[PDB]
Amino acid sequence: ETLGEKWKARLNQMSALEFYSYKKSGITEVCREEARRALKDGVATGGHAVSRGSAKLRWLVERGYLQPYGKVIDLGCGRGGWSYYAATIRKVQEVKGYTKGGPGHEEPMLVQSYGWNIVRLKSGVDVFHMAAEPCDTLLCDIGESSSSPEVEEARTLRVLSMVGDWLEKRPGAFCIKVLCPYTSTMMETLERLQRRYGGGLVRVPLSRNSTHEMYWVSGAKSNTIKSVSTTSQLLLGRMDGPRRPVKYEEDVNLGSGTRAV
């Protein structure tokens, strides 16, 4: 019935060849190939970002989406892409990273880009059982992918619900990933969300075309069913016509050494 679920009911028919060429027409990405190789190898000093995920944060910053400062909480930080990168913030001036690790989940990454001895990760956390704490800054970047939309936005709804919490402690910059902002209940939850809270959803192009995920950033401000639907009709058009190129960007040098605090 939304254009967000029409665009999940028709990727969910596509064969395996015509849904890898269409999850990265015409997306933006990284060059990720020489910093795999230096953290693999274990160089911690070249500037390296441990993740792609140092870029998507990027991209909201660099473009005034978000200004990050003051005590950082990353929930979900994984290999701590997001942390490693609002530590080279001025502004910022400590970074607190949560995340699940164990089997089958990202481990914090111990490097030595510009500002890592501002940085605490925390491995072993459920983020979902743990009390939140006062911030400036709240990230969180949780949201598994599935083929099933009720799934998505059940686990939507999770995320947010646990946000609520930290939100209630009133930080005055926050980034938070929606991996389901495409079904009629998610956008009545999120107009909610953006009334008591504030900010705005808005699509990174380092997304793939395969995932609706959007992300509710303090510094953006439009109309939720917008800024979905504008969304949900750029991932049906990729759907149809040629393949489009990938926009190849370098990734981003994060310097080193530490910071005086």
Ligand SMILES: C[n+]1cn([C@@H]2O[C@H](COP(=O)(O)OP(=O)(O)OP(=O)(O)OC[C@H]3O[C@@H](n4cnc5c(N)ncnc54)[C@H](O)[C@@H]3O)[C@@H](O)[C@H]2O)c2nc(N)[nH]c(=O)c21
Given for the second form:
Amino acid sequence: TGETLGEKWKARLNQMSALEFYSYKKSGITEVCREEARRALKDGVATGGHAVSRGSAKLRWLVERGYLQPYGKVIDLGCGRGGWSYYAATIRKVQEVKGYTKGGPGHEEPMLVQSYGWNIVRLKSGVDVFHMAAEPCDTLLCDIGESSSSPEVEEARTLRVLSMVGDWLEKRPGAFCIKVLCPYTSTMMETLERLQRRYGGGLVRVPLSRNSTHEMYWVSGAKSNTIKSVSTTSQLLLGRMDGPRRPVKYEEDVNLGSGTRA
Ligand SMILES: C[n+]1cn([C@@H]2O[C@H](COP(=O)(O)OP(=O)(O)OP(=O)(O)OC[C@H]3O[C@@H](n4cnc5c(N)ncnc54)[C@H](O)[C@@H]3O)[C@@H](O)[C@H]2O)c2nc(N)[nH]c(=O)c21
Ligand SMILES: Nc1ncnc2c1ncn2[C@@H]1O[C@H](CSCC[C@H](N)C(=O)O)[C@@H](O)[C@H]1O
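Having seen the form solved without the ligand, can you show the form solved in complex with the ligand?
The complete assembly is shown below, putting the previous chain first.
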């Protein structure tokens, strides 16, 4: 009554027992194996081509199906350690990549490794993108949204980055990948259609994502209907909460390799 499918989903999620939530997080999702790569982020090995974060595999999932084909100048807002930046540098059509994150006592500190094409990567900490001016780009990236147990707080936060991203979409990317932390409220499906009407694109759910978050990524390579695509992911997560759990589909993490300009 009066609630969206996503709203009716997150309510039951907040009422799950500790074990009911633990066994449900990874049930039936796809996940990249990062064990041997975490022994690389600490051994100082920058040559092995490992990923710094799991975001490298997530973006590798999206770029490898035309959901976004980066090129020219690319920009990743909230790069953290640059999981999205180090994969974008391996793309052959891109030239300049710049990452930006604060990395203060509030969040993750950027890491610099030697993945293939690391010379074109510019990751600096100490930036607040909510007070940053938009620069011309051909590929916009944004992975900022922060979880919250209240569907209204996730809404109040997601509209803030979508209003900030409108200044970078005012710089007209050629291919973008914007994360919509909460797309499932009646105010959300409203705005996401309003932005797609003027700037194009569509939303898509990545199998790298957990069952605990309703996050979806607004891409430039998919033209899906908004309300139907969001509701599809809503109904998809609900079925996983009732029956017996299912094993996670493991995969090999990206291997960005090593090298220089080419
Ligand atoms: C940790 N946790 C998260 N969620 C739910 O999953 C959604 C996203 O969960 P997340 O795991 O993706 O979030 P994050 O990326 O920060 O990792 P982590 O698992 O460590 O969760 C930490 C955050 O979850 C929130 N949280 C902690 N405990 C609970 C709880 N009992 N119920 C709801 N939210 C919680 C807190 O705001 C905390 O900051 C949250 O909105 C929440 O409804 C939980 N639900 C139950 N029923 N029991 C839990 O323990 C729980
Ligand atoms: N308001 C803000 N301004 C700048 N960076 C922010 C921000 N809010 C969150 N962030 C940053 O966004 C990052 C998201 S983690 C994403 C990292 C990377 N895109 C990857 O996929 O691997 C966090 O590390 C956090 O530091």
